[PDB]
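Student: Residue-level listing of the chains:
2 protein chains.
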Amino acid sequence: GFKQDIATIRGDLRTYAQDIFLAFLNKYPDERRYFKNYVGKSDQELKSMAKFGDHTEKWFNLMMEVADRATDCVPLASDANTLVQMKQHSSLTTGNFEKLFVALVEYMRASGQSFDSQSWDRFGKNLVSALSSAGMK
Amino acid sequence: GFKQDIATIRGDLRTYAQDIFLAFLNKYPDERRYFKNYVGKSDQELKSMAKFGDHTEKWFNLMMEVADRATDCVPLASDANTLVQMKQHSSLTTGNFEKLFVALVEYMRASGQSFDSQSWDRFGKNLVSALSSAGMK
Ligand code: HEM
Ligand code: HEM
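These protein sequences, in sequence, are chains B and A.
Just so we're aligned, residue 1 is where the first sequence starts under the authors' numbering, counting upward by one.
Just so we're aligned, residue 1 is where the second sequence starts under the authors' numbering, counting upward by one.
Among these hints, one or two may not hold up.
A pair holds if it fits inside one copy or across any two, identical chains being indistinguishable in the list.
Said to hold, decoys possible - With a cut-off of at most 20 angstroms between alpha-carbon atoms, the simulated EDC-like pairs for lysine to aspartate or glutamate come out as follows:
| id | residue 1 | residue 2 |
| --- | --- | --- |
| 1 | 41 | 98 |
| 2 | 36 | 12 |
| 3 | 58 | 12 |
| 4 | 99 | 43 |
| 5 | 125 | 72 |
| 6 | 3 | 43 |
Source of the hints: derived by calculation from the structure; they are not laboratory data.
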């Protein structure tokens with residue numbers, strides 16, 4: 001289930017984080033505009049950049065904490081507030097998060113690993129609801 | 001599901017409130033000691049007492065407000081806090097609430113009406129957790 005999936009991801013985090021983030025950027029290439037120096041590069045070029053794996057791991061480290069602090073796939077309001085108020089997220093709207101979770105769920109469904117993808121879809125829905133409640137446009 | 005159950009209950013709030021409250025007292029007769037004016041009175045006698053229908057409906061009204069405000073059966077901490085801080089609840093512990101939810105779920109399962117009983121159980125569990133976090137003993 002969802003709780004065990006958090007442990008699965010955490011056990012191989014850099015690999016999952018990079019592969020899910022790449023699935024996101026490839027499904028939605030114009031999302032690269034929110035980042036520096038990602039356009040014009042293949043997956044392997046991205047993975048060999050100095051900061052790519054590091055920043056995506058820090059991403060997913062926090063995502064897994066948000067998932068872990070949730071009850072029944074409902075994130076804490078304080079975690080949602082942190083995500084809204086982060087300077088690095090000042091250009092974002094809930095649509096960015098929605099697209100990330102569409103890609104995340106798709107990745108999980110296609111994976112060989114028994115992820116509980118329906119729970120991840122619910123968690124994404126609930127996180128987006130929480131971001132809205134916290135004042136993300 | 002849970003949302004429909006809120007509508008079902010709200011549709012005939014007085015009747016459901018009284019029925020469930022009596023089911024609670026019948027399963028856990030010692031809980032009547034918290035309601036000193038209900039000691040030694042038949043169900044019909046209780047129904048003749050203005051405050052029995054009034055307070056019981058108002059309790060279940062607040063229960064329905066808390067249920068409706070929940071996300072996936074996870075209640076707001078602010079709602080748990082309201083329940084803990086009520087002067088009328090100053091002598092209670094989380095065990096009293098646990099018993100209420102056991103009886104409510106039992107009532108739902110026994111009823112002809114088609115309730116999402118598993119969800120009310122989970123809501124009860126999540127509310128008890130939240131009561132404890134808000135300082136109920
Ligand atoms: C639950 C989902 C998300 C979490 C937990 C999260 C968390 C984080 C964290 C921890 C950082 C700091 C990384 C660092 O500087 O080392 C970060 C940076 C950043 N985030 Fe997010 N984020 C999420 C969703 C998103 C989405 C959906 C977007 C855009 C589509 C996004 C855009 C950015 C950008 C542009 C930065 C700074 C630039 C960069 O690190 O490359 N974030 N995020
Ligand atoms: C989620 C569950 C509960 C909710 C939403 C709730 C809500 C309320 C409300 C709104 C009142 C005010 C009634 C009024 O004065 O008009 C009340 C009173 C009261 N509650 Fe609760 N309550 C809950 C659980 C319990 C439990 C489990 C007990 C004890 C077993 C309890 C004992 C009392 C007592 C003794 C009063 C005052 C006397 C009375 O109104 O009959 N409550 N509650």
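Student: All hints are to be evaluated individually against the structure, with a verdict given for each.
Tutor: Cross-check of the supplied hints:
{"no.": "1", "hint": "41 / 98", "in the structure": "neither (24 angstroms within a copy, 57 angstroms between copies)"}
{"no.": "2", "hint": "36 / 12", "in the structure": "neither (26 angstroms within a copy, 58 angstroms between copies)"}
{"no.": "3", "hint": "58 / 12", "in the structure": "within (13 angstroms within a copy, 51 angstroms between copies)"}
{"no.": "4", "hint": "99 / 43", "in the structure": "within (19 angstroms within a copy, 56 angstroms between copies)"}
{"no.": "5", "hint": "125 / 72", "in the structure": "both (12 angstroms within a copy, 11 angstroms between copies)"}
{"no.": "6", "hint": "3 / 43", "in the structure": "neither (29 angstroms within a copy, 44 angstroms between copies)"}
Hints 1, 2 and 6 from the earlier list are contradicted by this structure; the remaining hints agree with it.
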